[PDB]
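*Asks:* Letter by letter, the chains look like this.
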Amino acid sequence: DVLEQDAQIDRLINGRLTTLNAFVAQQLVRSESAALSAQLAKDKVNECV
Amino acid sequence: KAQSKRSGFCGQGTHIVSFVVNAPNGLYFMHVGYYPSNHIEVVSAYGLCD
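Heads up: the sequence lines are chains B and A, in that order. Taking PDB author numbering, the leading residue of the first sequence gets 1059, the next gets one more, and so forth. Taking PDB author numbering, the leading residue of the second sequence gets 1108, the next gets one more, and so forth.
For reference, chain B alone in the conformation it holds in the complex:
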């Protein structure tokens, strides 16, 4: 009934939240790398092109 359901749901929810935090951290790293690369691309257009 309720007692077993709450326990199993709680552990699953906590694991999903930690996994989501790891996914968010990867997205933040990807966005930071993209910002640096975008500045390099702008510099190439400004001088080489």
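FYI, nobody ran anything at the bench for these hints, they're computed from the structure. Heads up, the beta-carbon is just placed ideally off N, CA and C, and yes, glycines get one too. Check each hint, because a few of them may be wrong.
Which chain B residues face chain A? A few, computed with CB under 10 Å, are given here [unchecked claim]:
1. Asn1072
2. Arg1074
3. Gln1097
4. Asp1101
5. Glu1105
Fit chain A to the supplied structure of chain B, relying on the hints for placement.
*Replies:* Just chain A, lined up with the frame of chain B:
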């Protein structure tokens, strides 16, 4: 250090002079950029000979 002879990534448009001021946790950068703001069209001759 140098107004010209480098691509103007630091200063938008043609760059004449730049002034730097202290900022909290960093340095603020101020630059001077010329903007044409007008367009007049005239025929161009590529050199002359004689």
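*Asks:* Any hints this thing doesn't respect? Which numbers, in order?
*Replies:* Hint check: 1, 2 fail, others pass.
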